[PDB]
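Below is one structure. I have some questions about it.
One protein chain is absent from this view; the other protein chains keep their places.
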């Protein structure tokens, strides 16, 4: 008589790796490395702002393409390749530091800073910022001398942050095409903008000169920014070439910002994003994009790491 | 007859995790993650300097609260929230780089730089730096024109580092409240400070203008610094708004710097510090503070990881 | 009768570590940590450029020691301690960012930028750049006023990158020893260099003043650089103290750059380099240099980690 | 295997066994029969799904962008960032490969072990009334009809019942 | 367990055994008695404290401050720093969890193994004069007074002494 012990097998096993062998056949296995993308931004349940043509820093200054974004509110901020921060050509100093502040801000809320002016004009415009006619940056003021060639009287303005979180403050310097044009806008002389607070110290002079035409303009606007702590004051001593802030920004809460070229999708949910979409997965690892942001499997170099979920397959000979 | 083999058990086992099960009961276990803080700075056996009201960068310039620190010597440097680097308002450029140099310096040793002056005053003072009366920064000189409104004769001064380690050099720029006041202090004209060495190149102009009153002052002093290599010379070409160095600093050796709000304690010994105290532990991991400095267990997110130190507990049924 | 099972042993075993014991003796073992250096730069099969006395940034500007390097081509770029980027004293802004661009460039290829000039001289020279007589930077032009003390007519020059990869552009600012000398070279007045593109915005003024004599010179040249994107234009509005680019650089491909003081060796092959030589090894770890570059074993702190390749050695008693 | 079974002195799996990982196959006199052992099967299944629950793990750490694929950040900070991200990719790639190779070695070994345990349980169950043939089978030196085999399977075989008969059938 | 003992074919611990991890419990004719085995107990104790000495490890690397909780460093370098510190926290948290789970699996298994080794040593010690009851006990088919049990314990039992008597008491 007889009785035998044994285990199971299959004609179709899966090879895996171990510490001692490469390509051992086991009964069953399963993948640890996520390969599969969803080519959409899965936004189900999230307050989402798709900036489209508005660049993220434009939400603070207000070029026309950002008019519907001046006080946005979001958990998920999406930047687009077609976005632009400017209408009149220019750029921000420490722009990317500011982009990272605004990506996690939960949005911004604006507040009049209450600057009032005297013997100057305040309605500088351009055809690079068209709202119907020629216009400017919605949150800013292009300050001139009161009439062609006149003196700019060295003014000072102050703003006290009377709120319990820090104030984002932004101003600009206008670099005219020439010192002739700088003179027609603000009068003659080396013009100096001084900006100070309880922890800030900097100064700026204009740099007239001819530049690459951008948006049909050879002049440029420098944009600068600082964070006013609660109960602190910011002070602007200036005599020309000054693009002044009309409103300050306060941050609403917290959010996440991504960059993408794929469509929003409110039918799927996901916490791991990249420019090409959403990594929905429970696997511990992914091989889709090492710059994926959010809550993600760890990025690894390998496309596949099979984890044995069965015994060694020893086939019936 | 009979003889039986067996193992031990307890009514009171400890659950642990394994690769295959969560919450297996074992006879004994032990903690791998340090949870326990000591709310003091354990400094037993260490030359300790508690800066208190002196800010770390003030040890180089010498505002009154740093008078007992101008040549300190330490293995452990402690910064306090109440510290200030300044008396007359101002700040340093690349301040945090300098803080990291001074935290590991083992202290500083000062040396006269031997600048001598001609047709100028050298005793500028203020009520923001009071030593009895109005005074200034102990290591510096507030250079003026010899009398209200007079010319500042464009001077040059040089200092050669004749020592075998690099010299910390610091100077200042005085930003007056206005170009009127800048004129009363140093005369008229755009004033220019040039500073050069064998590997350094920079220049500075003052920025008069009205600022937030700080310490009862609307003017500001920029502080700048460089490291003179041994046998190299530093050169200062200047014509006003210049806060000149009187002494240079040399680094004594090596140390560690921490930031804390808890008291020094010479009864305990510790190599792992954070703002709230000392992590004395032999465990490989800690969950107290991810910014702990010194020689520390690794910071981990989990509050507890029990390591089995006994066999599986299978209780007597 | 009898038959016995057994295993082998040796009088000479190797101790290793395990999870439970330190210094267990096993039959055989092998090293996982590379200790052995080759004190040469193993360059077999690689296009190698040894810069020697030419500093890497000098390949863009062309001081005499870089004359044989103005268009180099390489897979492996070697920097030497004796290298210098300059002849007339000066330095580059964001120099190390530029060094990292040029280390992986595969070399550079130069192209005339086609600037032509009017009422100025273009042949400024010095004895710090000797090619036979006094000369200058081969890729640059020292622009003067047409004759001692004359006006520098505020010019503009443009260059369009008509190529499909970005153009490295470099210019200089001449800081004369004094405003007297600045006047003899370029005339009087505050001179202003403006530089713009489609993504760039900056400005520069000279800073005359007396500095440490370097190469027998107390003046200095600031060097600055930017990357022109394809089909973009760079614009130079300037009125003096300007060291103008004659040629722009384009990057050839890709390479690796190292710093070393050991000789090239074309008899050995290696992908892991450091200042003292080549780490040829198949081991997973190395303890030679944590700043090793290329394709390397991982740096670890330990000098030795023996991996058992045999059974426990239990010796014949 | 580490325990010398699932590719050792058995060295053949049964493709027929389609309702468990481990099974009894016997032939007495009423022919041959094959059954599963749910106890061992469930032990291996539970240990392996324990591994799975551990590793199909969802980290709760959010990471944000620190560079920019539309507007390149400055070159020096961008090279530090790239060098850091690449170093961490190296670390995680090593971790993931090692984790999976270790785990696979131990999965195969605990499957092997469950086999050895089951076999030993039956050997101890059959006491003096059987011999080890050396290929996974117990030669049973007494009559063992289907009921008796099921008593072996379901862990109720009483060795005292056949002890005299079987010992006598083994010796002479 | 991996070796089928400390929660296997024994499946009960003795809360009474308070002077060792592993022990002999016998009953002959003078009543029942219980003793420890210092050899195996010491082997498990030494292996486990070996683990402990390894992991209660003091790193000698000093790290310094690179940011500032009184005066925030600049935002871009501060975000790179925070992103780096968080990545390393992820790495070390994974390392620590995996280290402890692996180690616990192996600790339980080497305890189990020490049990199996001890049991096998006594089985081989008793030769043909005993049978395996299947629950951790050797049914000894000859008289074994207290002295004889102590000869089993302290590793001096001579199977030749009772071999004839015991074999005869086992067969018929």
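Per-chain numbering from 1; labels A, B, C, D and E assigned in written order.
Criterion: a residue touches a chain if its C-beta (ideal position, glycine included) is under 8 Å from a C-beta of that chain, and two chains touch if they have at least 3 such contacts.
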On subunit E, residues whose C-beta touches the chain left out of the figure: 54, 59, 61, 63-64, 66, 73, 77, 80-81, 84, 88, 91-92, 95, 99, 102, 106, 109-110, 113, 116-117, 120-121, 124-125, 127-128, 167, 171
Interface residues of subunit D (partner: the chain not displayed): 2-4, 8-9, 76-77, 79-80, 83-84, 86-87, 89-91, 94-95, 98, 101-102, 105, 131-134, 170-171
Residues in subunit C touching the chain absent from view: 1-11, 16-20, 24, 26-27, 30, 32-33, 79, 81, 83, 95-96, 99-100, 103-104, 256-259, 271, 275, 282-285, 290-291, 293-302, 305-317
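Just so we're on the same page, only the chains that are shown with their structure count from here on.
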A-D compared against A-E, more contacting pairs: A-D
Cα-centroid distance, subunit B relative to subunit D, in whole angstrom: 59
Between subunit B and subunit C, centroid-to-centroid distance (C-alpha), Å: 32
Whole-Å separation of chain centres (CA-atom averages), subunit D against subunit E: 22
Where subunit A touches two or more other chains at once, by residue number: 96, 100, 190, 199, 298
Sequence positions of subunit D contacting 2 or more other chains: 48, 51, 54, 59, 61, 63-64, 66, 71, 73, 92, 95, 102-103, 106, 110
